[PDB]
Each structure stands twice: as structure tokens, then as C-alpha cells.
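Listed here are the chains, written in short residue letters.
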Amino acid sequence: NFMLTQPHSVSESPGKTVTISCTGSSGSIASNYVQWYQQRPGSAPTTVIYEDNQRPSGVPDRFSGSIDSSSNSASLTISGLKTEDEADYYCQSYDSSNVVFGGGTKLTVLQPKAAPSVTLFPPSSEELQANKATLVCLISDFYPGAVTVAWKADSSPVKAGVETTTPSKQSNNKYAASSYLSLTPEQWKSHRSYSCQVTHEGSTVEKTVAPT
Amino acid sequence: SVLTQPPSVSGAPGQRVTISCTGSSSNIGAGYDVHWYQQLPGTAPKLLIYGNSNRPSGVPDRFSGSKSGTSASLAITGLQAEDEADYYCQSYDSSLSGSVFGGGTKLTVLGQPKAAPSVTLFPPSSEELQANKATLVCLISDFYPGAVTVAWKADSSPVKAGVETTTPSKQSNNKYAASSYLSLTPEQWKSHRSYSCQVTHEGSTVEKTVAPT
Amino acid sequence: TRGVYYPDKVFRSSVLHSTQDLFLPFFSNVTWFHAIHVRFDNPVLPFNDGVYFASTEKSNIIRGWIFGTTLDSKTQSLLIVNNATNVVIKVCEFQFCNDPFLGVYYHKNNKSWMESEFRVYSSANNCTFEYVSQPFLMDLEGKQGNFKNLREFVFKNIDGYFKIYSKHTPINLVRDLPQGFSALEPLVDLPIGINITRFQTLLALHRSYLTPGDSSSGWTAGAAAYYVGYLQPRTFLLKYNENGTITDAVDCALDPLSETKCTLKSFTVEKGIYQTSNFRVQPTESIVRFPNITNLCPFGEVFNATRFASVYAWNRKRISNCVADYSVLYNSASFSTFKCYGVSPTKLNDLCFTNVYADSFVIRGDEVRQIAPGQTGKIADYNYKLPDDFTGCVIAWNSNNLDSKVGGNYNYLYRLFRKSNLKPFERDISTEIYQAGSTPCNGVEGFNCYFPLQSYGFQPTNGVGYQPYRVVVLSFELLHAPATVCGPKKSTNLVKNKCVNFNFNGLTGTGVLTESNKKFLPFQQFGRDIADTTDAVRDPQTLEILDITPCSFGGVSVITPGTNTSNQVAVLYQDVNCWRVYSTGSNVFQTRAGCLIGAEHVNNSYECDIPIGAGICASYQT
Amino acid sequence: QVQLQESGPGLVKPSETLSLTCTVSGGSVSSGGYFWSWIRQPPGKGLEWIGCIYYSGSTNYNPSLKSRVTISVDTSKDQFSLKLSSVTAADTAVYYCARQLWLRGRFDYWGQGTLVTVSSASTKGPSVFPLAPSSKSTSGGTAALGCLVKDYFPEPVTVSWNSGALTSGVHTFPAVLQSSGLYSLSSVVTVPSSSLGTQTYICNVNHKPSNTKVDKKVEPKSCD
Amino acid sequence: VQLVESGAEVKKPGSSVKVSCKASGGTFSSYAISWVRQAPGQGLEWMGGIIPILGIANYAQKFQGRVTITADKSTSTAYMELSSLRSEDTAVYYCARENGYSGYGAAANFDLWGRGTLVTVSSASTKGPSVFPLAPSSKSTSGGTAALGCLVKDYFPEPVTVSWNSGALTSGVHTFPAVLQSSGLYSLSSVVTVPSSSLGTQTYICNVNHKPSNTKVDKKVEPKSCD
Ligand SMILES: *[C@@H]1O[C@H](CO)[C@@H](O)[C@H](O)[C@H]1NC(C)=O
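Residue numbers (PDB author numbering), protein chains in the order written: chain L, 1 to 110, 119 to 220; chain E, 2 to 214; chain C, 33 to 70, 78 to 617, 633 to 676; chain H, 1 to 224; chain D, 2 to 228.
Keep in mind that the hints were calculated from the coordinates and are not lab data. It is possible that part of the hints are untrue.
Going by beta-carbon spacing under 10 Å, a handful of chain E positions derived as facing chain C [to be verified]: (1) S27; (2) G32; (3) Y93; (4) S96.
Ideal Cβ placement from N, Cα and C applies to all residues, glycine included.
Based on the provided sequences and hints, a complete structural model is requested.
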């Protein structure tokens with residue numbers, strides 16, 4: 001029942017130093033080796049440190065590791081942080097015939121507010137003859153990437169059938185998100201109008217549509 | 002165990018004698034020190050050399066030792082008449098998880114003007130016939146323990162039963178004396194004409210025949 | 033600048049990598065084969088290290104090649120034949136004819152070419168590998184024009200694996216092999232696993248109404264040519280583009296000017312002085328030598344001993360005169376603790392040690408973590424201290440079925456009190472009572488007088504920290520002595536007077552092995568010169584001292600007046616008194647700094663542009 | 001050098017058997033005595049060790065994944081495969097095969113990560129609906145339009161505007177799970193309002209798992 | 002100091018023995034006590050050891066299931082107990098005091114040794130010795146001296162001294178050690194040289210004392226009348 005405890009989020013500005021910990025609960029950290037793996041998003045993990053102090057060929061000199069047996073914690077020291085260092089770090093062990101990995105560490109590299125352009129569309133005629141109805145709300149070009157969307161009926165907050173996409177970073181450093189209100193063809197026409205409200209930094213941007 | 006030493010060594014009073022004790026890689030080759038013990042013939046062994054360089058109290062400075070590689074060496078400068086003793090080498094054995102002792106080296110330095118042996122034959126007396134046994138003794142004296150041959154013949158065939166060899170003991174005049182006993186029965190004692198005891202020493206054989214009747 | 037392919041499948045972009053494989057030498061004197069009707080030459084070429092098949096085609100002449108050793112149904116041989124229907128690859132004991140050929144017939148009534156003769160092999164008895172490709176239609180039509188299609192092929196035979204590299208490039212040259220650079224890529228890997236020492240080219244034979252006679256004389260030969268080159272193993276520099284295709288290559292053994300690019304790792308050489316090497320021959324073979332002691336080491340006795348020694352009086356065993364197979368130790372799940380410092384796992388099998396020392400004892404879990412070289416406590420400071428530069432490591436596991444019985448197991452003791460720190464690799468057995476106060480302690484167990492040895496309570500119900508662990512420490516020492524314990528690596532043969540990479544008792548290097556008359560004292564194995572370089576090898580398999588000769592020993596100064604400015608270069612030899635030089639050439643001038651070739655000496659005195667040494671200056675003039 | 005390539009389907013139904021095969025190119029499984037291990041990683045979570053195999057029949061499995069992992073080595077085909085039984089929705093992870101130089105050492109060479117998405121229902125094609133621009137769909141001098149991709153399974157779908165001719169202002173949103181466990185998204189583009197009635201906008205939606213390609217013209221809303 | 006053990010003992014082939022090593026003039030406090038045996042004609046053997054402070058015994062790997070060794074710290078004594086005695090186990094046992102030291106080798110050495118304890122086995126029980134007279138003949142008496150003595154038969158054990166005229170004779174006496182026989186019987190001899198002029202005026206008698214047998218017989222030796 002040997003597991004490795006890691007800090008979930010460590011942040012430090014580039015060029016400075018930072019220490020990443022890896023603490024074992026039951027088993028001693030000096031009993032078995034500790035391997036550190038740097039995994040960039042959308043890529044396979046790569047061995048950055050092995051044998052607890054041996055840097056493999058290819059990694060820079062800054063990737064240095066140390067072992068503290070008294071506190072049962074393995075340490076990883078990074079000096080002179082750069083841009084490409086923004087990747088996940090995991091500490092490995094062996095336990096006893098059972099390889100045990102770490103929790104995961106997000107070494108972070110480390119303000120104007122962009123306007124939330126909102127566009128709303130009604131269900132199409134082709135969707136209506138297919139006995140379906142979906143209201144699509146579109147949010148784009150906003151920063152920070154934290155928005156809340158609340159649909160509206162004639163005079164009611166709509167929650168059922170609401171599906172939304174998380175804000176994802178655009179090419180122009182802003183964020184974009186969408187909201188989908190699935191309805192029946194009768195629900196789309198029983199109300200006079202449907203509106204989508206997007207809240208961003210306290211401000212609210214609203215677009216509405218009606219069956220026409 | 003595996004601490005083999007030469008079975009015996011020879012030396013002179015004025016010449017140096019080197020004793021070699023070789024073991025293996027688990028006892029001697031592993032770096033363990035060797036201790037030397039001296040055992041007089043009739044005295045419990047005592048510590049002679051410990052740590053391959055040190056000497057305890059009461060030991061003469063003539064005894065010297067050294068250890069190198071997988072073998073041990075012991076150097077003695079003077080060899081007096083009291084130097085006749087058994088020497089053992091002892092070290093620690095990792096495989097046996099205990100102390101290991103050497104086989105022992107026999108150091109004998111002696112010399113005396115040996116002469117021809119003298120033998121006497123004593124027939125059993127009359128009172129020994131009623132004991133349902135016959136003890137034919139053969140007393141030997143003024144002889145040496147190096148060459149002791151005890152052969153029994155009855156003038157028609159050699160006797161190969163009841164023959165034995167006894168280790169002689171030191172006398173008060175630097176001499177060794179022993180005896181041999183033969184087991185027979187009074188029923189066959191009178192059947193044969195005579196018996197004799199033959200002793201051979203360095204090619205010298207003396208024969209005397211007694212007459213029971 | 034031909035025959036360059038991809039040595040590995042690793043994708044490289046904007047990075048220059050140095051590879052040592054079998055490559056085409058630059059500007060090699062390849063053999064030329066011609067077949068003009070106006078010369079059906081199909082000889083047997085030896086397969087030493089690789090055959091580069093460069094052929095230009097205009098009428099689909101060359102079909103395939105045959106690979107084998109004896110080619111007489113006595114050894115395994117490979118078939119590659121491309122007829123008009125499919126592609127046939129077979130590995131059987133074919134009975135080859137003296138002059139194999141493929142016959143294609145032509146009809147006067149209708150303009151059509153169709154193959155009718157298949158005379159390659161007599162019969163095949165045993166077959167191992169067979170490959171049949173998808174069917175296709177092939178033109179087989181002769182052309183009255185010049186050559187149009189150029190085909191290049193690379194054949195390699197390493198560890199029984201056949202890799203074929205090919206690339207099609209359209210050319211319009213008449214007879215000469217076209218210049219330029221091309222990149223070849225793999226298409227298939229064939230695990231034939233046979234020994235090939237020779238090969239023969241198989242061509243196509245054309246017959247029609249214009250060639251009267253019998254079968255052996257009534258035929259014509261199509262206009263075609265092909266060239267055969269050898270792949271000598273030389274170091275090369277390859278430029279990998281962003282698209283992943285090699286656009287240029289640099290030879291490291293063609294010319295002294297070409298070796299400057301290899302040393303600088305760039306395709307452009309600026310003006311200056313560069314020292315690449317002397318007359319250099321690329322290595323062709325690799326040899327490794329290890330002692331022939333085929334005896335198993337007594338590892339099992341130390342790790343499976345019936346009784347383990349105490350903490351203070353720990354046993355010590357010496358392991359030698361055997362091959363050390365650590366694969367049973369580092370690949371097991373029983374060893375609870377297996378941490379090493381400087382041992383370098385997965386490499387022990389390679390390095391050699393003077394001797395192996397094994398220490399056996401039992402300690403608790405909270406004290407088995409203290410066998411690091413730098414630590415303090417009641418075990419690492421009073422019972423067993425490891426040095427900071429300790430070579431070797433410690434192996435421990437769990438032992439509760441053994442050395443742990445009910446009612447207490449008080450058969451193991453450890454030191455509790457000591458007046459001074461224990462030296463590394465020192466064992467002390469002292470039962471004298473330790474004293475704390477100023478009171479006398481002449482063999483009295485009274486106040487302030489405790490026994491240094493304390494008993495161990497190995498109860499089965501204790502915690503995982505108090506569990507008794509069986510500990511084995513492996514110690515390795517490096518000494519100036521012949522190695523009697525080494526790894527399990529195989530030992531190859533020995534070659535002399537050749538530039539061959541050597542691996543002697545864990546020492547790897549490149550040089551020439553020559554006989555030496557030096558006498559070596561018995562307990563020394565390696566010898567070094569003033570420059571602290573290896574020069575002699577004991578070679579314990581033969582016990583003969585072999586001199587180590589560097590492949591390049593002299594000093595070479597290359598006077599390169601840039602790359603884009605000019606291509607002609609001048610070579611200066613420091614230790615040559617104007633021969634062991636790259637080329638004699640002409641305009642040989644001897645200076646105080648050495649001998650200079652390739653440069654013209656004048657009686658005038660101009661400004662110093664490119665210094666040479668000892669007042670000698672050179673420049674590029676008309 | 002050597003490399004590792006994985007195969008097998010990118011999907012598995014719940015309560016079924018997984019079949020993932022890792023192929024070694026440029027080396028030998030039996031030679032060298034190199035251990036082979038499977039390591040998975042859920043999206044946004046840490047790496048999880050599944051099990052390891054040797055060139056022989058030696059096998060060790062994770063205690064949480066015990067009695068469910070079956071891994072075998074085929075030396076003839078130079079490949080090794082892992083079988084997972086009773087796969088649930090929590091098994092959605094990126095599986096990696098990695099050679100192990102040492103038993104307790106580094107995973108020196110990591111293969112590329114295959115994506116496994118465990119979900120119910122079945123592979124069904126999308127329904128494409130247009131997003132008709134209007135006066136309420138524009139804010140200023142520019143207008144927005146898009147295409148609705150609804151009720152498809154599984155991922156991924158590729159949406160291109162005018163066969164890739166339109167890339168500026170194009171925003172394809174990440175898919176999200178519906179209330180019925182169905183994937184849905186939309187791809188949008190911002191255009192000037194002057195080119196509404198004169199320029200044709202066609203979205204091209206492709207769903208490779210279901211072999212479905214749908215092109216949908218986008219026109220301004222016609223009020224009825 | 003000094004180490005004192007018990008006297009010689011005789012046991013049975015398959016019985017139990019018990020000996021002790023008493024310390025005189027001091028105590029072996031905080032000093033390990035070991036036992037070393039020595040077969041007649043063979044080398045020394047290590048077979049045990051006690052640290053008396055903690056009372057823990059460590060035995061050798063040659064035998065461990067038949068020998069139990071114990072010691073008492075209060076009385077400063079070490080007790081040796083052995084089970085299943087055999088014929089080969091006939092040897093002498095010494096109590097060895099270990100004296101350790103600090104060094105690279107660090108091998109235990111025995112500086113002080115005991116006086117030894119003879120442990121012998123004999124299947125045959127103790128019996129009554131028989132003494133027979135021996136007198137020279139006429140042919141054996143050719144000069145001024147004659148050889149005469151007494152022979153003892155079937156006596157057990159070996160240490161049975163022979164006295165001439167209750168110690169009144171000290172010149173010309175000799176002691177002959179016995180020899181192993183097929184039945185395990187012991188037989189010694191004794192002969193002295195005496196002038197022939199004393200054969201008719203003073204007599205010769207042999208006095209044999211047997212401490213374990215609790216017997217002491219007296220026999221008269223006379224010259225032969227026939228020869
Ligand atoms: C010790 O014995 C076990 C059981 O026979 C065996 O598995 C193990 O390999 C042995 N140890 C060594 C070092 O061979």
C-alpha cells in the first residue's frame with residue numbers, strides 16, 4: 001500500500017529555482033529508485049531523471065534530483081525555468097513487484121479583458137422536419153476563458169436540454185465557447201421568443217431569436 | 002575444516018623454519034586475520050600470535066608471523082628442545098559461520114645414537130593355564146619406536162591373529178620401551194613345539210626360541 | 033554523392049547526426065558493365088559487405104538478382120525474380136544453371152511481347168521463405184530512344200536481416216552515370232537469415248524473326264547497362280531536412296578537405312587552421328575479448344545461506360575466478376531493497392572488477408534504510424559504515440519465515456555504544472563494557488556501565504518497520520591488477536595490423552593491434568605512455584601483450600581558404616620532414647613547422663593572411 | 001534504433017474485452033532481456049501502471065487491476081498484446097507500451113499514445129443542420145454563421161468550410177456529451193455582412209467511423 | 002586469570018555427559034566463552050560459544066541438534082551438555098575465552114584455555130582386574146641381573162598406577178602403556194632389573210590400587226623351581 005504524494009500545481013516565474021517533492025507514505029523512498037518523467041501535452045512521456053541523480057543523455061543540466069530518506073520525500077530541483085518546461089512531471093518507484101507512479105505535477109512557466125462576442129441561431133427548417141430542434145448559442149473572442157451561459161424561455165430560466173462547451177483558447181489569444189439548447193418542435197413554437205444570455209466579468213451580453 | 006597444513010615439518014636448532022597455512026577465499030582470502038596456537042605434548046594450547054603482527058605477554062620474541070594473500074606464514078628463529086609442539090592456524094570462516102582450525106603441523110627436532118634392539122621372551126607361567134587363556138608377551142627394550150616389527154611364528158606357519166603394536170614410552174635415560182601381547186588358548190599351547198618373537202629394526206633381526214616343554 | 037540512405041528510422045529535423053554504417057565511398061571506382069547488341080556480361084560478384092546496384096533502363100531489361108553461397112543446391116540461397124506477372128522471392132536450395140536468363144519472344148504477325156522462357160533454376164528441394172506480390176501488367180516493349188529510367192538498389196546483410204533501399208529517378212544521360220544527390224528509403228525487410236558471399240545478375244533475353252539460329256545463338260541483347268559498387272563501412276555526415284528527406288551528405292574519409300566538415304559538423308568550412316586526424320582508415324570489424332573462465336560464481340551460497348551472521352560480526356566472502364551473472368539478482372521481485380551507487384545496472388555485464396566482496400547480516404527495516412554511504416545512527420555509525428566512494432551496493436529482502444520464530448529470536452546482536460566513530464569497511468568485535476561516567480568500569484555491570492551488544496527482538500507480530508531483513512552487501516574494487524571476475528559477455532577472435540575497434544576487459548577504444556616485445560610484470564595489466572593513453576593489452580585469453588597503435592598518429596594542418604571562395608586546400612604535416635601522408639601530390643615545400651603540400655612557395659614576402667607557423671604565411675593568389 | 005507502435009481499435013463497448021497490440025520495430029523482444037510493460041493515462045489524470053511482461057511467461061499485475069489483465073508475447077510476430085476484461089466507463093485512458101531496460105529502472109522508450117473511448121450505444125452517423133444568419137446574428141459590420149453537428153458517435157468529426165478554402169475566423173468547438181450520451185459540436189466562421197447574399201458558404205462534415213460525408217449549404221434565414 | 006574444569010569422565014555410547022568450566026582467581030565478565038575439542042591425533046575443532054552477559058549460545062554448523070551449551074552469570078560458570086555420544090566422540094574438551102579486537106580482519110582469538118576434560122566411551126562395564134606373577138627362567142638369567150615383574154589383565158580404565166613395594170623401589174622401574182584390543186580390553190606390563198643375589202633373601206610384591214573399582218590386592222612373586 002505504497003503510494004507517492006505529489007503537489008498538484010506548482011508555479012514559478014522563468015529563470016528562478018523551484019523544488020518538486022515526491023513523498024512516499026508507507027515504504028521508504030530510499031528502498032527503491034525514483035524516476036522523473038516529463039510529459040508534454042499530446043505527447044508520450046520522456047525520462048528526464050533516472051537512478052535518482054543520473055541525468056540521461058539529452059536532458060539539460062538543470063534537471064537535478066535529490067533524495068531525502070528522513071522525510072521519505074524525493075526532490076526534483078529545476079533552475080532557470082524556460083518556455084518548453086511547461087509539462088507534467090511524475091515520479092516513479094518500484095515498491096515490490098508493482099510499479100507505483102506519482103500524483104502528477106504541473107510545472108507552470110508563469119490584464120485587458122476581451123469583449124464576449126455572442127451570436128445565437130434558431131433551429132433550422134431541415135431540423136424541424138426531422139422532428140428535432142436545437143438552439144445554438146456561440147461565444148467567441150473573450151478573455152478570461154470563464155463564462156456562464158443561461159438560456160431563457162418566454163419568462164423562465166431554461167436548464168433542461170442545455171449542453172455547453174468549455175471555453176477553449178483561440179488563435180488570437182482569446183477564448184471561444186458554445187451552448188446548445190435541445191428542444192422539441194412544439195417547445196420552440198410554444199414560446200414567443202428564446203434568448204441566450206452570456207455573463208462575462210459581471211457584464212451580460214444577450215441575443216434572442218423568435219420563430220419567423 | 003579446509004585449513005590444510007603440511008602433516009609434519011623438520012628443522013634444526015640454529016636454522017629458521019617457515020610454516021605455511023593456506024585456506025581458501027572464504028576464510029583466508031576474505032581478509033580475516035589468522036591466529037596461531039602452540040600445543041605442547043601434554044599441555045593445553047595457548048595463544049601465540051594474534052592479529053598477524055602482535056604478540057601477547059609471556060611469549061618469546063623469536064616467534065614471528067605474517068599474512069599476505071590467501072596464505073599465512075610463521076617464522077621461528079630459535080628451535081630449542083622445548084620447541085617440539087603442535088602448531089595450529091585459526092581464522093574466521095564465513096561459509097561455516099564460525100571459527101575454523103588448521104590441521105596442525107608436527108615439528109620434531111631430536112637426535113640420539115641409536116643402537117641394536119634387545120628383545121626378551123617371557124613364556125606364560127603355570128598359573129595362567131587355568132584361566133582358559135594364553136598371554137604370550139614379547140618385551141622389547143633399548144630400541145627405537147621408528148622401526149617396530151612384531152611377527153609371531155610357530156616354526157611352521159606365521160601367526161596373523163592376536164598381533165598388535167604398542168606405542169613405546171620414554172624412559173628415564175632417553176630410551177623407549179614397549180611390549181606386545183598375543184592372545185591364544187591353553188588347548189593349543191601344548192600342541193605346538195615352540196613359539197618365538199621376531200623384531201626387525203633397520204635390517205637387524207634377532208630371534209630367540211623358548212621351550213615350553 | 034550517391035547511395036546515401038536512411039540508417040535509422042528515427043525522425044530528425046534541423047539536426048546533424050554522425051552515423052557509422054556501411055555507406056558508399058565518394059567517387060569510388062565502380063565497375064562498369066555494358067550490354068550492346070551493336078556483350079551479354081552476367082558475371083558473379085563477391086558479396087563482402089554490400090552491393091550497390093546502379094542501373095539505367097529504357098526497355099525493362101534487368102529483372103532480379105540471385106543471392107547465395109555456392110549456388111549449386113548445397114547451401115541455402117535466395118531468389119529475387121520479377122517476371123511479367125508478379126514478383127517472386129524464395130529461399131530454397133536452387134540448382135542454378137551456368138548462364139541463367141529470362142527469354143521474351145516477339146511475333147511478326149502482331150506487335151506484342153510475351154515471356155515464354157523461364158531458365159533460372161533446375162529444381163528446389165527445401166524451401167523456408169516464400170513471398171508473392173500482387174499481379175501486374177508489364178510493358179516489356181523496346182525503345183529506340185535513349186535511356187529514361189534510372190534504378191538504384193542497396194543490399195545489406197546484417198544479423199541475417201536483408202534491407203533493400205531503392206529510389207526511381209528519371210534521367211536523360213546517354214552512357215555516363217548521372218551526377219547529383221538522391222535519397223533512398225526502405226520498402227521491406229526480409230529476415231532471410233542465410234550467409235551470402237556472392238551474387239549474379241539476371242538479365243532479359245529477346246527473340247524475334249530477326250535472329251535466326253538455335254536457342255543458344257538465335258537471340259539478341261537489349262541496350263542496357265548497370266554498375267556494381269561496394270559498401271565499405273565509413274563514417275558520414277547526413278543533413279536531414281525539415282521534410283525528413285536527406286538532401287546532401289558529407290564524407291569523413293574521402294579527402295582532407297572533406298574531413299574538416301566532419302570535425303566541424305557543418306557543410307561550410309571557414310578560413311583557419313583545423314586538425315582532423317592523420318592518415319585515417321575507417322574501422323571494419325569490432326572485437327571483444329573476455330577471460331575464458333566458464334565457471335559459475337558462488338552467488339547462491341551468499342543469498343541462500345542457512346544462517347546469517349550478526350550485525351557486529353558480519354561475514355565476508357570473496358568471489359573470483361568466475362563469470363558474474365547479475366541477471367539473477369537485479370531481475371527478481373524478492374529483493375525488497377536493491378539500490379546501487381555508481382554500479383550502473385544493465386552495464387555490470389560489461390565492466391570488470393578486481394574482486395567481489397559479499398557481506399551477510401540481518402538488520403531491521405528502519406536500519407536497512409541507513410546503509411546509504413552518507414548517514415548516521417546506531418548502525419551506520421557504530422556497526423557498519425560505508426565509505427562515500429563505495430563501489431558496489433547492498434541487496435536486502437524480507438525474512439520472517441526464517442530468522443524469526445515465536446517466543447522471541449534473540450540470536451542476533453548489534454552494537455549500541457561506542458567511544459568513537461567506526462571507520463569504513465571496518466568490523467569490530469569488542470565485548471568490553473562501555474563506560475559513560477568517570478567511575479571505573481573494570482568488568483562491572485553496575486551504574487553507568489552497559490553492555491555494548493544489545494539483543495534483537497524479532498517477534499513475528501512486530502510492525503513492518505521492526506521486521507528482520509536479510510541484508511547482503513556486494514562490494515567491488517578497482518585495482519591495478521588482472522581482472523579475475525567479469526561479466527558473461529562472449530569473446531571473439533583476434534586480428535592484427537588492422538584498424539579495429541577493441542573491447543578488452545571492459546575497456547573500449549579504436550586502434551591498431553600489433554605485436555610488442557615489452558615484458559610485463561605479473562600483477563600489472565594495463566600500461567600507459569607519457570600522454571596517459573592506453574598502449575598495451577594483457578589479453579588474458581592468450582596471455583600475450585599486444586601493442587596498441589593509434590589509427591591516426593601524426594599532426595595534420597589543413598589550410599582551407601574557405602568553402603565558397605575556393606575548393607583547393609593545402610595540407611601541412613607537422614611531424615613529417617620532407633611517406634605516411636594522404637597524397638604526395640605536387641608543390642611539396644618543407645618548412646620549420648613541418649612539410650606543406652598542395653601550396654606553391656614563392657620567393658617574395660607579402661603580408662601574412664593565413665599564418666602557418668615559424669614565420670610561414672600563405673594566401674590565395676592568381 | 002528501436003521504436004514501438006500500437007494497434008487495436010480506438011473503441012470498446014462496456015462489459016467487453018479489450019484488444020491492444022504493441023508492435024516492436026527495429027529490435028527483438030526475446031533478445032536483450034528487456035521487460036515490456038503497459039502504462040495507461042486518463043485525460044487530465046496521472047499515469048497508471050497496469051502490468052509488465054518478460055520475454056518468458058513471467059507476469060506481474062497491479063493489485064487494483066488484478067484478475068482482469070491478460071498479456072501474452074508472440075515472438076514469431078515480434079509483438080505483444082494485452083487483454084482487458086470487464087472494461088467500464090472509468091477505463092477511458094491513453095494506453096502506452098514501453099520497453100523497460102531494467103526491472104526497477106526507467107521506461108526508456110515510450111510508444112505513441114492510442115486513444116481508447118469506452119462508451120455505450122453504438123456507432124451512428126451525424127445529423128447536420130445549418131445555422132442561418134439574420135439581423136440578430138450580426139453585431140456591427142460583421143456577421144456569423146456555422147453548421148450544427150448533432151447526435152453522432154464516436155469521436156472524431158472533421159468540419160471544413162468550402163473544402164478548406166475558408167480558414168480565417170473558423171472556430172471548431174470541442175465536442176461535449178449530450179443528455180443521451182451523444183457527442184455534439186458546431187464549427188462556425190465570422191464573415192462581413194456585405195457578402196451574405198452574394199457569397200456561398202458550404203460546410204463539409206466528415207465522420208470516418210460511420211463512413212459519412214455531408215455537405216450543407218448555409219443561407220440566410222427565410223422568414224415564413 | 003585461571004580456568005578450571007572437572008576431572009576425567011567415562012560414559013556410554015549413547016548416553017549424556019555434563020562438564021563445567023569454573024573460573025578461579027577472577028571472573029570472565031563481558032568476555033565470550035567458547036569450547037574447543039580435540040580428537041587424539043586430529044586437529045582442534047570449534048563447536049560453540051557463549052556471551053555470558055546476555056546468555057546466548059551460538060553453535061557451529063557441523064552439529065547443532067545434539068549439543069546444548071549453557072552458562073550462568075551469577076556463579077560465573079559455563080556448563081557443557083552433550084547427547085547421543087558415539088565412539089568417535091572420544092576426545093578432550095577445553096573452555097576457551099574469546100578476546101576480540103577492532104581491525105580489518107577481526108577474527109576471534111582464544112587467549113586463555115582450560116585444563117581439559119577427558120570424555121571417553123566404553124561399552125564394556127567395569128570388571129575386576131587380574132594380576133599374574135612373572136619370573137625369569139634359568140636360561141634368562143645368564144649374568145648378575147634378572148628381569149621380573151607383574152602383569153595385570155582385564156583392567157579398566159587406563160589410569161591404574163603400579164607401585165613396587167609400596168614405593169620403596171625407585172631405580173630400574175618402568176611403566177608400559179596398554180594397547181587397544183579387538184574386545185576393547187586394556188593390558189599393561191611392568192618389568193624391573195634386580196641382582197640375582199637378592200632373589201633368595203628378600204621378596205618382590207606388586208601393589209595395585211584401583212580407585213574406581215574400590216579394590217587393592219596383594220600378590221607374591223617367586224622364582225620358578227623347574228628352571
Ligand atoms: C535461492 O533459492 C531460491 C529457491 O530455490 C531461488 O529461487 C533463488 O534464485 C536462489 N538465490 C539465488 C541467488 O540463486
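Worksheet item: Can we keep the E:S96 interface hint, with Cβ of chain C closer than 10 Å?
Response: holds (7 Å)
Practice prompt. Closer than 10 Å between Cβ atoms is the bar; does E:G32 clear it against chain C? Give me holds or violated.
Written response: Holds, about 6 Å.
Item to complete: Please verify that hint: E:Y93, Cβ, nearest Cβ of chain C, below 10 Å or not.
Response: Holds, about 8 Å.
Practice prompt. Have a go at the E:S27 hint: is there a Cβ in chain C nearer than 10 Å to its own Cβ?
Written response: holds (5 Å)
Hint compliance for this structure: no hint is broken.
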